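What follows is a single chain, given as structure tokens, in the form deposited in one PDB entry.
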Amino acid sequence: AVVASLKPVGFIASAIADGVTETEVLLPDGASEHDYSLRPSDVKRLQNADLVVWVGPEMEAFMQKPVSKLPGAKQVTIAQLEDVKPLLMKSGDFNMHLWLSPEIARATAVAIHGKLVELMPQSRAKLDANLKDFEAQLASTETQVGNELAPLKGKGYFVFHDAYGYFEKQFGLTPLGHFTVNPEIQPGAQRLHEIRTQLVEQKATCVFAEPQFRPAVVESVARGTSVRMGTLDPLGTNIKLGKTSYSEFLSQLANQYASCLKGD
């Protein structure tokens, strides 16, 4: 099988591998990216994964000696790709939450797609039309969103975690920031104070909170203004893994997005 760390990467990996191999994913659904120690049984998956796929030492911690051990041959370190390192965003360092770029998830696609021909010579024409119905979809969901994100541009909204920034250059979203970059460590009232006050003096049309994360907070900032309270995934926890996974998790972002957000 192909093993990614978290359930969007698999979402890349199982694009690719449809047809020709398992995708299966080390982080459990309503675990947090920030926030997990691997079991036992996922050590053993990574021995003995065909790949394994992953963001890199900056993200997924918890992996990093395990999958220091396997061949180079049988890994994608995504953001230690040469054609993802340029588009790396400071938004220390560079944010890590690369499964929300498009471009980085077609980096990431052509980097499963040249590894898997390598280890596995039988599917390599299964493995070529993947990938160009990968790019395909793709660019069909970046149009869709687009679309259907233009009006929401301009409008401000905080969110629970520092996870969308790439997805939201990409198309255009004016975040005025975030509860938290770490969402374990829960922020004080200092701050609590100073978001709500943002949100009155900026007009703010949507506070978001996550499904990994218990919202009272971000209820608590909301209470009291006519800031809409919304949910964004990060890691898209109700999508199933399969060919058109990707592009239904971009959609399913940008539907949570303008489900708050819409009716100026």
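The term rigid core refers to the maximal set of C-alpha atoms that superpose within 1.5 Å between the two forms. Numbering follows the first chain given and starts at 1. First, how it differs from the form deposited in another entry.
193 is the only residue from 85, 169, 193, 132 whose Cα shifts by 2 Å or more between the two forms, the rigid core being superposed.
Once both forms are fitted on their core, a CA shift of 2 Å or more is seen for residue 215 between the two forms.
Residue displacement note: residue 180 has its CA displaced by at least 2 Å between the two forms (rigid core superposed).
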Second form
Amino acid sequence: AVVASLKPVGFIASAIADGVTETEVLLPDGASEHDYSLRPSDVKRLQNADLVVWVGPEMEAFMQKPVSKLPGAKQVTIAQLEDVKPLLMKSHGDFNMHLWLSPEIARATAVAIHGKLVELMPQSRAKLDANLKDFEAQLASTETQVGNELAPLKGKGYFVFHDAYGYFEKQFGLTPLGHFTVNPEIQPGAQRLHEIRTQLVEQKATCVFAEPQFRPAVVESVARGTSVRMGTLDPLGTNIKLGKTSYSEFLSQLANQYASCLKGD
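Okay, that one was the form deposited in one PDB entry. Can I see the form deposited in another entry too?
Partners and other molecules omitted; one chain follows.
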């Protein structure tokens, strides 16, 4: 099996290992990449895997140790890929590491995954070559449809609770006003809520986007009295099932959630 750290990384692997082998994920749906911790059973899935794929230390800190013990042939660290390095975006930690939101980086990742697997399974060279060409052409169109859907949305100001979308937004021309650091289970106190509210108004935002782990109480609260719509983004694709075209669908979903709140002047 190919073992991915996060679900949308699994989406990339899933497209390359389609037919050929299984794909597993370690971050379960509902958890955030910056607070998880490896179960003993998680560590066992790693050691016994054909290929491990993660973003790197600066992101899934919770995988440094067990990965550090695997030989190079068994591991793709996305942030360290030759072709990824020049695509890293700034904004201690200074490069943005939410990399599965960059088609370009997804493309390098599939190539690297294709490289490792084909070295191991050379009989399956044919299913894999086909898999790679399938992903590339599927991603290209998706990129095309998603550009079309989002371009009429340039200049529609939004805020997000979690500033994780930079790669996607730079790629598709979308324009984030900023971000607020909120719970997602405990409504903020009056000082903080007023500062957030003041900015939604001062800057006349159209939307404010939450994540699915956000309690609707917290979100509803922030938009109450304003004229701002409430949206939900799913950057970890918890709504999406692993499979050949999971990645295409992931980006599609994500653009609809943007569109659905942002559309409407």
